[PDB]
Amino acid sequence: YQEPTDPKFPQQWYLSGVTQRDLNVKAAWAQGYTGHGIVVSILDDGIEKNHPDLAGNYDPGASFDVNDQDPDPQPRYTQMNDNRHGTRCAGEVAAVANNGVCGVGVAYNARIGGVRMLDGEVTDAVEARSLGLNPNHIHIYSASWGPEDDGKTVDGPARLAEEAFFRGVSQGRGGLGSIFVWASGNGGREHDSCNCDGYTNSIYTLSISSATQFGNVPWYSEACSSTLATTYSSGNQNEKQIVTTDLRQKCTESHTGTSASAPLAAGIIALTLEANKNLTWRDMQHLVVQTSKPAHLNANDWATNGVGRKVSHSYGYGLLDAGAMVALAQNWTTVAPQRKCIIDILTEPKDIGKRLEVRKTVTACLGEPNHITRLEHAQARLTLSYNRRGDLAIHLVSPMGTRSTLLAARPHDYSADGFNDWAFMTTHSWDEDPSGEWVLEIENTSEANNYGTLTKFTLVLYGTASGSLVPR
């Protein structure tokens, strides 16, 4: 195997590293996996389809302009180069290799397109038409953005967009399911908590956070239990950043944020799908859980879950490992059909006051076709009133003792609107047996005399009842 000769490939430290602080992509390339036959679409502000490092892989069938309602996602050029982000993300996935231009994509033989959707008013309809673009041609969708990362917003897909997620994972990709890769957010400096973003908090999105070059949690990172894994991105000014294609046929060394992590993950997922085109959308999440690596990622919240895997709210299961992903994909056995066990927990509304604990012992649909002994995602769907939402912190503890933070205190969130059946999701109990006692904790983290009521708590378990591995 000959590594790429591109002039900035040596600067792509998160791929070309020899120091074990990389995504282990060369190992996948050397196994023969470069993305051939896979199609990825960037949902963003457009794609410079004539960029010298993108044209050779550009796919019009992976592209659309839902802002102007035409097929051509070319960005709108402005003095400030506002609409450059999709082009940066596209190059991360699939910049051409060995062509003397810039660097290379993770999946440098994949086909790449873009949906121009962010350069205009983003409505539910715009979102749905983007998520649902050509779902039997595009394999993987990469989205780096969501509701405002101001640390006070709670929002997610409205009805059309939610329908697009369920149509995508159910009928997309020949019934195997569209793979939606999502950035978990850039709201760290606002103390944002990413389960309040219903796109990344979705079970249908494979959610990705960031680590700095030196292995730290970047200033912009949001912690939450819905995140699955991590890719490298930017950090402080002594740490390197992402090197990729830029607007106006240029090359940037200063692509940043969690919004630069999701495209790298999408590229690794493209390599993985080349290794096994029969992987379902759930299979892909299983592979990520099993192969991601905590080593050398620094966080104070690494915890071992009930099946022996280390998990963090900053990093999920750790750094994506492309070589391990493609290796495990090859002989992967398709997971069983997804079961869903719905448990209405409360017998009466509960005053929250300063602190509320709700304990319930469940059988996880014992005796029914939705019996789950092997959890995937778990949700606590909560309806509650409270006078100042961001003073709340919420935790969910599984029968195996795994404490998922569903919501951290958000100091900017002054809302009096509470949560209306908000489906806080955790990945941290993946593969655990969910039978037994679950504990929900809601706490007022402020000294204020805050008040409200929990009126509904639905525990929703997803998973199967077969195929478990020995704990790690």
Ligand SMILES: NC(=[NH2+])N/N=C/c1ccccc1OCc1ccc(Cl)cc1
Given for the second form:
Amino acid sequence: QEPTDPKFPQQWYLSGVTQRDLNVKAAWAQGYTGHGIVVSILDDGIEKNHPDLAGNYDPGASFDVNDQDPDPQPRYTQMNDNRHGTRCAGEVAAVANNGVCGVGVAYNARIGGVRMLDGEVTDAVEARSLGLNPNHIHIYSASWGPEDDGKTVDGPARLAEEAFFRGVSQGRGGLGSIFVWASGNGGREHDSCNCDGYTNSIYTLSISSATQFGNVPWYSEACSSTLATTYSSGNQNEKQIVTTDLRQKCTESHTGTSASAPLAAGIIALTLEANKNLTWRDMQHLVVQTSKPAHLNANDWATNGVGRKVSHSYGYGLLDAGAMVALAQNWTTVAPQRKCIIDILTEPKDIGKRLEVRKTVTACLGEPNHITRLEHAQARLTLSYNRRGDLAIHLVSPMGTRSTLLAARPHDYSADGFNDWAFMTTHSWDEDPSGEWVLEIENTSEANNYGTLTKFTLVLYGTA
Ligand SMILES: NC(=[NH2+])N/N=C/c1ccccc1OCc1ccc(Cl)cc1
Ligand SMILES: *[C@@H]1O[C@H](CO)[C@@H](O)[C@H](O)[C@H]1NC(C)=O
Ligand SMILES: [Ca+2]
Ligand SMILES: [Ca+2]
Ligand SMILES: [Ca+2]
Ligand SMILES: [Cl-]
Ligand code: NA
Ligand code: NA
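What would the structure be for the form deposited with this ligand bound, given that what you showed me was the form deposited without this ligand?
Everything in the complex follows now, all chains and molecules, and the chain you saw is the first one.
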């Protein structure tokens, strides 16, 4: 039976009947609601006594890292600053059929929150949050990252990177923590989200946004590391996200890519109920295979080497919950992850106005890390340049798939270049990476800019 909650009709991205939705009712009708799954929101806290959250609240999925106590209750202020985690929690697991607000995507999942943004957010704070109770929490949702000013290059420092590797390796009984991540809100600053090391990570399942009418929202950042898309806000004729709000209220104006990641986390919760044995990599495969480009407008939809349409705004397209839970049920676990390291340069290369580096690779032929079926690929680049934001960088796979690694960033005046920065693309997923790869570095300005590429490491992940 369809939810009876008073605002469920306003949750157009779930309740729609016009095919502009996330196809969640189809998963609910297959019997999947999130029962037995545990999700945690890493944000500014969670109103655990909210009438639409209390029934699913899980103290075992929660902690207060900012004040160092178990209780993630938000700090109440006159401007309601610390409401975001409560909004995101309801998107995932707001209680259903209780006469309050609407429902969560996974309305029978258990939901917690980590209060970790309301304070000085250090590497240690991030690590302690990403690493919370990793054999109880299945899925983490994080909407935060480095400043979206269009001039920052930053990512997880050592403790947080260690937390990512521990989570995916030993978390969830060795199946791997699922870290769902928002790709950013820096669109009007012309931000380019591979410059955000959290969303650019292979260990995060990164999500962008589409407006109700199927367009790229003003706030969206394009990048090759994004995997897929959920609906969120757009212009003032387009509806927004409807969910739980601070002070036991219900909001119809939750917005941004930061509202897209929680919806993805709920869909992933339904999928994990359908197959509890999925690994962190399995889950990314399911997203790649089932997501839907149709009716998302972008001028960069390109067909990759295995016939999938991919966009830097949308990844593989809109998440499809019904298809995710269906494919999950008989999914065969992927083979162990291989990693093929190819150091490319024999000498430093002057960049000048334009540099092209071509290299034919065997992808570790004859070795235990031989890869014929790519998952993520990275170009780890070390270079100097006098104005970083004038650079644009592309990587072309042997199958001809052109991934933008970096778009021009007008505000990025930095003279510090890139220091072994691991630009990541999802767009060659399932391609055979043997053959010629091409790296393109271009000065997009008319200025006489200058610099040097001193290291190019092609890193291939995948299977055979
Ligand atoms: N790189 C990131 N992950 N940026 N995360 C940003 C973020 C995260 C949470 C809340 C707010 C945020 O940004 C402000 C904002 C909200 C909505 C809109 Cl529509 C625009 C901006
Ligand atoms: C989970 O997958 C692994 C790897 O394929 C397999 O060995 C194991 O039996 C599976 N467990 C369950 C409960 O299906
Ligand atoms: Ca507290
Ligand atoms: Ca409700
Ligand atoms: Ca950004
Ligand atoms: Cl690695
Ligand atoms: Na990611
Ligand atoms: Na192509």
